[PDB]
Amino acid sequence: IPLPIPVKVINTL
Amino acid sequence: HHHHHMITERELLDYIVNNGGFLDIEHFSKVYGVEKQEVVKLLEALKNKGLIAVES
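Taken in order, these protein sequences are the chains called B and A.
Everything in the first sequence is counted per the authors' numbering, starting at 253 for the first residue and increasing by one.
Everything in the second sequence is counted per the authors' numbering, starting at 204 for the first residue and increasing by one.
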């Protein structure tokens with residue numbers, strides 16, 4: 253089980 | 204700009220880490236030529252493998 257890397261994702265639409 | 208470029212999940216993940224855990228899909232699609240829906244598709248696969256935790 254990897255430690256999830258946090259990612260802020262914008263402008264997806 | 205460029206269109207229909209393909210990248211691997213590993214490339215996207217490396218980019219994200221190197222970008223300080225940030226991804227602007229609009230900007231990324233524009234600069235690297237990957238379709239927005241292809242970026243989304245790659246993010247979903249990373250998320251479903253438990254490799255990333257998506258925010259905002």
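Note that these hints are calculated values from the structure, not bench results.
Among the hints, erroneous ones may be present.
Straight-line alpha carbon distances no greater than 16 Å define the calculated EDC-like cross-link-like pairs of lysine to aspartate or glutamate that follow [stated by the list, open to error]:
1) B:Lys260 with A:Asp227
2) B:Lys260 with A:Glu247
3) A:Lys233 with A:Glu258
4) B:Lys260 with A:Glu229
5) B:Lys260 with A:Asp217
6) B:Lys260 with A:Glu258
With beta-carbon atoms standing in for the labels, derived distance ranges [to be verified]:
7) B:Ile253 with A:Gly236: 32 to 38 Å
8) B:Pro258 with A:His207: 16 to 22 Å
9) A:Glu214 with B:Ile262: 25 to 31 Å
10) B:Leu265 with A:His208: 17 to 23 Å
11) B:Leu255 with A:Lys233: 26 to 32 Å
12) A:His207 with B:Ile253: 33 to 39 Å
13) B:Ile257 with A:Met209: 19 to 25 Å
14) A:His204 with B:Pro254: 16 to 22 Å
The beta-carbon is built from N, C-alpha and C at its ideal position, and this holds for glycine as well.
For each hint, the structure was consulted:
Among the hinted pairs, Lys260 (chain B) with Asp227 (chain A) is consistent with the structure: their alpha-carbon atoms are about 8 Å apart, no more than 16 Å. The straight-line distance between the Cα atoms of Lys260 (chain B) and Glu247 (chain A) is roughly 14 Å, inside the 16 Å bound, and the hint therefore holds. This hinted pair does not check out: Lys233 (chain A) and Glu258 (chain A) have alpha carbons roughly 21 Å apart, beyond 16 Å. About 13 Å separates the Cα atoms of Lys260 (chain B) and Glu229 (chain A), which keeps this hinted pair within 16 Å; it holds.
Distance restraint check for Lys260 (chain B) and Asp217 (chain A): the Cα-Cα separation of roughly 14 Å lies within the 16 Å cut-off, and the hinted pair is therefore satisfied. The hinted pair formed by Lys260 (chain B) and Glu258 (chain A) meets the criterion: a straight-line CA distance of about 5 Å does not exceed 16 Å. One distance hint, 32 to 38 Å for the beta-carbon pair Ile253 (chain B) and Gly236 (chain A), holds here, with the actual separation near 34 Å. Distance hint check for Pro258 (chain B) and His207 (chain A): the Cβ-Cβ separation is about 29 Å, which falls outside the suggested range of 16 to 22 Å.
In this structure, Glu214 (chain A) and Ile262 (chain B) break the distance hint of 25 to 31 Å, their C-beta atoms being roughly 20 Å apart. At about 21 Å, the CB distance of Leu265 (chain B) to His208 (chain A) agrees with the hint of 17 to 23 Å. Our hint of 26 to 32 Å for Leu255 (chain B) and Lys233 (chain A) holds, since their Cβ atoms are close to 31 Å apart. Evaluation of the 33 to 39 Å hint for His207 (chain A) and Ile253 (chain B) yields a pass: the beta carbon distance comes to about 35 Å.
Between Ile257 (chain B) and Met209 (chain A) the beta carbons are some 22 Å apart, a value that agrees with the proposed interval 19 to 25 Å. Between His204 (chain A) and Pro254 (chain B) the CB atoms are about 33 Å apart, so this pair departs from the stated range of 16 to 22 Å.
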